[PDB]
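Trainee: So you can see what is in the structure, the chains are spelled out below.
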Amino acid sequence: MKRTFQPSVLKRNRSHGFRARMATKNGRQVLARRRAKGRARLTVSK
Amino acid sequence: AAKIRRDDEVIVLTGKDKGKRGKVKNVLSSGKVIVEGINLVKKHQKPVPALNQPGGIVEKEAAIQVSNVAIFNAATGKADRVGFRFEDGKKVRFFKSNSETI
Amino acid sequence: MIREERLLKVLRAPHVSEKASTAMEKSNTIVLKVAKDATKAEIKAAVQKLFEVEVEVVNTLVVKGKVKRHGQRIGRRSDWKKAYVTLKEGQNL
Amino acid sequence: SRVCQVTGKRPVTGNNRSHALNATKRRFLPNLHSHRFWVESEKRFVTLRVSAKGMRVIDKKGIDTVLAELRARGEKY
Amino acid sequence: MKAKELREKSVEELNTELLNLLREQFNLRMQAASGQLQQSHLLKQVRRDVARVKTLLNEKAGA
RNA sequence: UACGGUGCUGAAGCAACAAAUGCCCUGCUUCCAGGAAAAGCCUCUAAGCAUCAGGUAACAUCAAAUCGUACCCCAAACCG
RNA sequence: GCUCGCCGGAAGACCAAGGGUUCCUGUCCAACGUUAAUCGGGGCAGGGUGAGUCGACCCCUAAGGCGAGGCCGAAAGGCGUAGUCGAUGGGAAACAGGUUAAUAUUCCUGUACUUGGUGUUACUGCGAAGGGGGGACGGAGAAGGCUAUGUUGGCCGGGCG
RNA sequence: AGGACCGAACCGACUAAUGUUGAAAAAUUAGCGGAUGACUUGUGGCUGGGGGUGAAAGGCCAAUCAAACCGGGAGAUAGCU
RNA sequence: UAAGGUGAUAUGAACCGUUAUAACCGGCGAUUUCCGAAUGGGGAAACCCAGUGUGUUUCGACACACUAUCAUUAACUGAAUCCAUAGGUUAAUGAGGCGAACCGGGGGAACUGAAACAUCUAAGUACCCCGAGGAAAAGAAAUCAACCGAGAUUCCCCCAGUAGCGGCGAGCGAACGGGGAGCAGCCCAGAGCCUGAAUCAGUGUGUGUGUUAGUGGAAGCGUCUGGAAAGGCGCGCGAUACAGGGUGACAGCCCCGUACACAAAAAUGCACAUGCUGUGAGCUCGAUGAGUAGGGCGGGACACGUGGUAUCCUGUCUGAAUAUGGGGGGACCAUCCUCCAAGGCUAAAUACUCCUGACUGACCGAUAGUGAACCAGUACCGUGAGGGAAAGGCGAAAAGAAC
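Chains as they are written, first to last, in PDB author numbering: chain 2, 1 to 46; chain U, 1 to 102; chain T, 1 to 93; chain X, 1 to 77; chain Y, 1 to 63.
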């Protein structure tokens, strides 16, 4: 049937993307925590 | 800095046949030196296009460690160690036990 | 003073050199591998200068890279841009 | 914000102690009112957020001195 | 020091740069992708020579 | 002919009837629940400029760059 | 290759999303494929995606988002004017035939069309976050005129079963 | 004209049988209701956790809901096993 | 510095080079696409689209620089409204952002314990936010002390689980005083004699010492077993080196090094007789920090829960004396003693480790030690924040098995 993930790249970059994280102070802290752990993918928008 | 250089008559201290004396052909960076007729390896070479086309079992020189060989003095028939002493950048190598520039 | 001839390093490989390229040559066009940021005007000017041919139009496309690498370690080849250079009048080749 | 602009008074946090000494956090807020003050030297009315203690120090020290203190602090009018 | 480049210290190196890049690196690139033998070292030599000319231009703005 | 596919030639190529949920139709009639905005476009002026600029028409020429383009096309390539 | 069966308002064909090389050619069959595999959407190389007209970009907005100043808030921050973004909506222009193993409104052949710049000639009052027009709009129902398209006949080539 | 009637697409889910280590972490096959409207669907957007939203069922808020998920307090505490 | 190099998996090809010029190391410069504080505007990061100024007798057009915002300052302008003011433009300077911990401030839980729970505790902890510096904070007595005196802050050890606080339960818990580390005090509330007078900053090529390249560096041979001696045996040698690693087994004398001695074009960091500039010594007299101290109300901090409760802070309302003075000595009064708030700066002792270098380990040795010895915050899961693995070893040398 219809499942929880129905993909859309525009919604994905608008919600979980780099500039969505960069607009907020809290999402900037999110990007800082990912950078501190060492992840190759800081954001899944790429 | 290099006690054993590219063209030097060297005598084997340890390993395989010690008494054999050979000339250096090549000095590799892993601390290993290639001397003519010292370590003989019989390598089975596969027939392949371009280089090594006939194949066959080939006798070639294997690398010997540079610490297992010593330079041979012509004046005294023995292995004698290497030092450097000269005031400028091109330090000359000297045979110890004879104090003569190699 | 000569114009921006240093910018005309855009042309990279003399041919892609395949069957589509050779049949397209038998019609009118040379197929070339050109930069990544090269524009059609620069490909026109570069071909007209580096070779003596006076050219008609340039059609361009980007060939995306193929993965072409195994399961344990995965890689991607580089993207490259291909120019079909139309040469109906005065073609040396 | 609720800053006195003359005496630097901010909302300070404390407790609402009960008869059973139960403690719930509360904010003491200043007596802040917008007041229009006449400056005779500059011939104008300056609109200042000011506490009651601020009005008291304005009549004590003059409006010019409080304004000069604000210029020295760097606060705008 | 390793390499002495007193030869490149001269005025108007633009023509030498155009010689080193234009037709030289270009025909080396064309012959390299078609297939030729010595270009493996010639391309590296031409690239380092262009680097020498451009470094000397950035040193001497007047030339 | 390895069956792919090439070179050449190529007859007739009309009429009547029935036809949509498609076009006329952003129409017409009727109803009440009363049916986006801004630009492109047309037109008129303000500042300004007056043999200028600008506009219109014709002709001629030049330019239209960059990115996608294969494939899956309600599914063995999407979500499961 | 010859029969048989199935779908045929699809189990046929095409756009969008989404995937990303799964498309084409050659070679291989260890692993994957619920079997074997010579086969494959599998491995490995090499090809292939050609645009002024098709989308994007772009010009303009909607819901909405951000929002210099500004108002407010203990700090973070909340809201909001000018404005600036945001298609799912409104702005220029291409169709038939052929082509490759793989691309086609792109390549070729034929016939077009649009929007700017410049030059020439001729004529002339032109000119803006300004005004107006315009874009510019609902539901249902009913003809009528057609067309896509089909049948039948005429014509043409073949058959004489 | 009709929150009109019969009925496909479409939306839903009334009964039965099969499945229940399934073909499927709610489906299949026969029947069933609505089907010009309080209808349906695509694309964006807005509402955020003792809060939202609810033609109201403790329903829904990513197979999670009488207070989601993720990290921290945290090695909470556990007279219990 | 060098006889060898073009990083590794990863060989091959094509070459470069003989120490006097190939690689390698170090100092200094050049270039440094795009995104990212992103800074010309926008954006769904790594893309879309501009403006201004400089360069087609090449009528395709290209290259370069600048243009974000905020604060301070100056200029030029400039409304309602006359003078003004708000605003607008230009120029300069600074700020953005990141970072593991330490430090200061603004807020601030609950599980839990009390064998329930509400005062209390957990705790000003976890967390969020702001700010700063290599440290930060504090700091020069309106302090303690007791008729003796000590003499700024900060950290350690006692006092001492003491005195007290407390549903006087749970539990919280000092100070006086003594021993140590380290030990500078100053300046403005203002005038006359002095304007690098001694400091303090900026600022130097001077001198010394370090750091970032390096150089030299001693002394072993016979014989046995073995595939191989570093081991066994015999006879020696160096030792300011017998730290360590490697070499075909266990090497002081085989190789890197090691004790020891030396070296730095250049760039820097410290210290100083020091090279320049500006503030600023000291004398004399005058001042002695008011919406402040204090009080009322409500709260917070002091070990101190409002109690008998001194001290400190202020949200609200009030409100002095002004050196004849005022504060403190734990309700309060008298006496006595001590000290001058309502203005600031101040080094060391103290805290921490993202990073560098050496050394050390009764630390681990591939289910261990970091999650990660290994191409690991990767594969893989999830919309996302986030979670998150397994996986070392041929041999001395590939001699990696021709036929």
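Rather than coming from a laboratory, the hints here were simulated on the basis of the structure. Any given hint might turn out to be false.
List of simulated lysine-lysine pairs, BS3-like, C-alpha gap at most 27 Å [said to hold, decoys possible]:
1. 44 (chain Y) <-> 49 (chain T)
2. 2 (chain 2) <-> 68 (chain T)
3. 46 (chain 2) <-> 9 (chain T)
4. 46 (chain 2) <-> 49 (chain T)
5. 68 (chain T) <-> 46 (chain 2)
6. 53 (chain X) <-> 25 (chain X)
7. 82 (chain T) <-> 46 (chain 2)
8. 44 (chain Y) <-> 82 (chain T)
9. 18 (chain U) <-> 46 (chain U)
10. 36 (chain T) <-> 4 (chain Y)
11. 91 (chain U) <-> 4 (chain Y)
12. 54 (chain Y) <-> 9 (chain T)
13. 44 (chain T) <-> 4 (chain Y)
14. 44 (chain Y) <-> 90 (chain U)
15. 33 (chain T) <-> 4 (chain Y)
16. 64 (chain T) <-> 11 (chain 2)
Trainee: Next step is simple, just say for each hint if it's right about the structure.
Mentor: We went through each hint and held it up to the structure:
1. 44 (chain Y) <-> 49 (chain T): holds, 25 Å
2. 2 (chain 2) <-> 68 (chain T): violated, 35 Å
3. 46 (chain 2) <-> 9 (chain T): violated, 31 Å
4. 46 (chain 2) <-> 49 (chain T): Distance ~40 Å between residue 46 (chain 2) and residue 49 (chain T) Cα, so the pair is violated.
5. 68 (chain T) <-> 46 (chain 2): holds, 21 Å
6. 53 (chain X) <-> 25 (chain X): holds, 25 Å
7. 82 (chain T) <-> 46 (chain 2): holds, 26 Å
8. 44 (chain Y) <-> 82 (chain T): holds, 25 Å
9. 18 (chain U) <-> 46 (chain U): Judged against 27 Å, a Cα distance of about 32 Å means the pair is violated.
10. 36 (chain T) <-> 4 (chain Y): Distance of about 36 Å is beyond 27 Å: violated.
11. 91 (chain U) <-> 4 (chain Y): holds, 24 Å
12. 54 (chain Y) <-> 9 (chain T): It holds: about 16 Å lies between the C-alpha atoms, which stays within 27 Å.
13. 44 (chain T) <-> 4 (chain Y): violated, 41 Å
14. 44 (chain Y) <-> 90 (chain U): Given that 27 Å is the threshold and the Cα spacing comes to 32 Å, the pair is violated.
15. 33 (chain T) <-> 4 (chain Y): Roughly 37 Å between the alpha carbons, so the hint for residue 33 (chain T) and residue 4 (chain Y) is violated.
16. 64 (chain T) <-> 11 (chain 2): holds, 25 Å
The structure fails to meet hints 2, 3, 4, 9, 10, 13, 14 and 15 from the earlier list, while all remaining hints are met.
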